[PDB]
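Using the hints, position chain L against chain H.
Here are the chains, one letter per residue:
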Amino acid sequence: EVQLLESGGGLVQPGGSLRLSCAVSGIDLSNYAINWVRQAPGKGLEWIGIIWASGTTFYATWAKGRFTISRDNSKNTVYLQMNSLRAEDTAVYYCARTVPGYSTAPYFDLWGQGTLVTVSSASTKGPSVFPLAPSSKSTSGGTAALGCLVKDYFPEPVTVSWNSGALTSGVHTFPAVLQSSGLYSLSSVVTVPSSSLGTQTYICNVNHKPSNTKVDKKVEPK
Amino acid sequence: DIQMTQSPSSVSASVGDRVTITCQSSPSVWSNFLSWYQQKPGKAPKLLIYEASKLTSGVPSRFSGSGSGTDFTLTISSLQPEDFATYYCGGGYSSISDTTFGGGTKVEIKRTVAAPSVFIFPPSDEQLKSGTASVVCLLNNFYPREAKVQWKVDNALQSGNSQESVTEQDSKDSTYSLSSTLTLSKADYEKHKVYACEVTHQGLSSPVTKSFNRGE
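These protein sequence lines are chains H and L, in that order.
All the letters of the first sequence, read from the start, carry residue numbers 1 to 222 under the authors' numbering.
All the letters of the second sequence, read from the start, carry residue numbers 1 to 216 under the authors' numbering.
Rather than coming from a laboratory, the hints here were simulated on the basis of the structure.
Built from N, CA and C at the ideal position, the CB exists for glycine as well.
Hints should not be assumed to be uniformly reliable.
Stated by the list, open to error - Selected chain H positions facing chain L (in silico; Cβ < 10 Å): (1) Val2; (2) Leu45; (3) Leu132; (4) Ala176; (5) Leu178; (6) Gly182.
As the list claims (entries may be wrong) - Once the Cα atoms are required to be at most 27 Å apart in a straight line, the calculated DSS-like pairs of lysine-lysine come out as: (7) L:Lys148 to L:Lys210; (8) H:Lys75 to L:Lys46; (9) L:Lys54 to L:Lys43; (10) L:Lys172 to H:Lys222; (11) H:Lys214 to L:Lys129; (12) H:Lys43 to L:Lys43; (13) L:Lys172 to L:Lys43.
To be verified - To list a few chain H residues with every Cβ distance to chain L over 12 Å, as calculated: (14) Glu1; (15) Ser7; (16) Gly49; (17) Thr61; (18) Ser74; (19) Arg86; (20) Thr90; (21) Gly114; (22) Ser121; (23) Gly142; (24) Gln179.
For reference, chain L alone in the conformation it holds in the complex:
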């Protein structure tokens, strides 16, 4: 069919760096019908460039597009932390019904290491009434995204009974936040005393531990 190939699928760059995204379509798009959109998490796409190179109003001069036919490039001159987003290309093909978008390029920011602030939360009494216990461990405002969170119940290393969740990159400081939730049945929760959360991350010399004794 049309085949709209956008690369890279994702990329990390330091603020101030130049980012280059290319979009290659098999059928040469119709007379210059190529556009670029920016989409930040949760928000809708935003038109940055159309006609392959015209910037819409209010778009920073650090954005610019070039190319023609089957090969185009979107270039971000000086990457800012606010540019974190997924970029998409759009193409027309004298069929209208063939309008297609590329797969997108997730552009993330590379900043210096920042250690996480760790907190732990025991399950509430209201939830204990329902027959289930959820223990929550919060890793706040850190970078890089990679982090290892391990649950230890009375030292017994848990495995297969917790889920993690990561926030999108912060557009101001470029950091992340992660939550790890240990979920047990009430009987199993009351079967132990010490619930601990152990975090390993590039910003910490030694892994940090957060815990609480059930009851007291």
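Chain H with its partners taken away, still in its complex shape:
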């Protein structure tokens, strides 16, 4: 019932600025210390700084300069202002609370879902969505498999969903992979029982916020 939600994430040009917000719901927070921690894709956790119950703020030696933390208790919100972004600052930025009763101690109990910030000179690109239809012999066998191919987009992420959430079992949404074009691509597959085909409708829902691309493709065998 208690979670931190980060926002402001997205595509940024090198040298640009951006302000991420951390808003809590379920607790006051004005009395807790908030930290911002980041993680480059595939890399590890890197602390950026913290802001105490009182406005007092501390930063990682390398962040004190292009990064600024602030809070607005009347809104129950913490803010991270990023300046002169570098390609190296591309990462998932997390919001996390220090265990009540500590300070300076690296104990963070409550985290946010994290929001991805991509610093790149490239323009956003929307994905095409093609169906991966099961074989015509998909009857009998050991259940059928069908899916969606989300191709050519930038930057990450892309969330895929089956039957608006109804279908979750046997779902595999593969990690995206770069293509020679410098664009991402992935596929989401789902195994279902042969009998379900024809009688049950299967639609994958693809959403790529950066380009305001939303698509619902109905996968059908022929």
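Then chain L, alone, in the frame of chain H:
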């Protein structure tokens, strides 16, 4: 500077085994300021232990931490398939501005072999309109992760024109899923008839083949 060394960088253990991860920092951390976090793919880190040995609420007794100064250990008594994740250590150094995390330890599960269910997907007509053809081969729910997928167009063994993608280890059955995508230009796709996917894996006596004839 601080230097926070965590080893091993990765490790595989069977469910029920004991897993030991150590974290060694050059400057002895500040008075007991050492913590352990668990991070499952796509999710955020989760505090398991702080103060080097205190477990947070709701953390299974199979987790426990020990050590002090410059050497600490995280120990998982009876490894469960749900424990698949990357573990990190955090250290304080009376500077606050020196807070650092270890490089992390990727903990994966060792389970028995399980053969893959193989499927193949021809390119859709919509995509053929765009001038490009993508052929997809799906290897589903198998272990070990190592598998060899080879593309054969009219028997001609392809090479350099396909990319693979693997899902993270499943937290329930500890298996993997892999996709292999052959990507060609429309002219090249229509230049051939038989598109086949040949899979070799520990769970199969002989490699299995999946194919389709373009057109028919």
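Hints and how they fare:
Interface hint at H:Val2: violated, since its Cβ lies 13 Å from the closest Cβ of chain L, which is beyond the 10 Å cut-off. For the restraint placing H:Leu45 at the interface with chain L, the shortest Cβ-Cβ distance is roughly 4 Å, inside the 10 Å limit, so the hint holds. Given the 10 Å rule on beta carbons, the hint for H:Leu132 holds: about 4 Å separates it from the nearest Cβ of chain L. Satisfaction of the interface hint for H:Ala176 is found here, the shortest Cβ-Cβ separation to chain L being roughly 8 Å, below the 10 Å cut-off.
Below 10 Å, beta-carbon pairs count as interface contacts, and H:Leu178 has one with chain L at about 8 Å; its hint therefore holds. Hint status for H:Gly182: violated, given a least beta-carbon distance of 13 Å to chain L, over 10 Å. Distance check on the hinted pair: L:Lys148 and L:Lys210 sit about 14 Å apart at the alpha-carbon level, within 27 Å; holds. Pair hint H:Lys75 plus L:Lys46 holds up; C-alpha atoms about 26 Å apart against a cutoff of 27 Å.
Under the criterion of a C-alpha separation no larger than 27 Å, the hint pairing L:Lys54 with L:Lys43 is consistent with the structure, at around 23 Å. Under the criterion of a C-alpha separation no larger than 27 Å, the hint pairing L:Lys172 with H:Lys222 is inconsistent with the structure, at around 34 Å. For the suggested pair H:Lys214 and L:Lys129, the alpha carbons sit about 21 Å apart, so the restraint of at most 27 Å is met. For the suggested pair H:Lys43 and L:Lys43, the alpha carbons sit about 14 Å apart, so the restraint of at most 27 Å is met.
Between the alpha carbons of L:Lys172 and L:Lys43 the distance comes to roughly 16 Å, so the proposed pair stays at or under 27 Å and holds. With 12 Å as the threshold on Cβ separation, the claim that H:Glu1 sits away from chain L holds: the shortest Cβ distance comes to roughly 14 Å. No Cβ of chain L comes within 12 Å of the Cβ of H:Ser7; the nearest lies about 15 Å off, and the non-interface call holds. With a least CB separation of 8 Å from chain L, H:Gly49 falls inside the 12 Å interface cut-off, contrary to its annotation.
Distance check on H:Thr61: its Cβ comes as close as 5 Å (rounded) to a Cβ of chain L, failing to clear the 12 Å threshold; non-interface status is violated. With a cut of 12 Å on Cβ distances, H:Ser74 stays outside the contact zone with chain L, its closest approach being about 27 Å. Non-interface call for H:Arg86 relative to chain L: holds, since the shortest CB-CB distance, roughly 20 Å, exceeds 12 Å. Every CB of chain L lies more than 12 Å from the CB of H:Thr90, the least distance being 17 Å, so the non-interface label holds.
Remark: the non-interface label on H:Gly114 conflicts with the geometry, its nearest Cβ contact in chain L lying 5 Å away (cut-off 12 Å). In this structure H:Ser121 is separated from chain L by more than 12 Å, as the shortest Cβ-Cβ distance comes to about 24 Å. For H:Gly142, the shortest C-beta to C-beta distance to chain L comes to about 7 Å, within the 12 Å cut-off, and the non-interface label is violated. Non-interface status of H:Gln179 relative to chain L is broken: a Cβ of that chain comes within 12 Å, the nearest being about 7 Å off.
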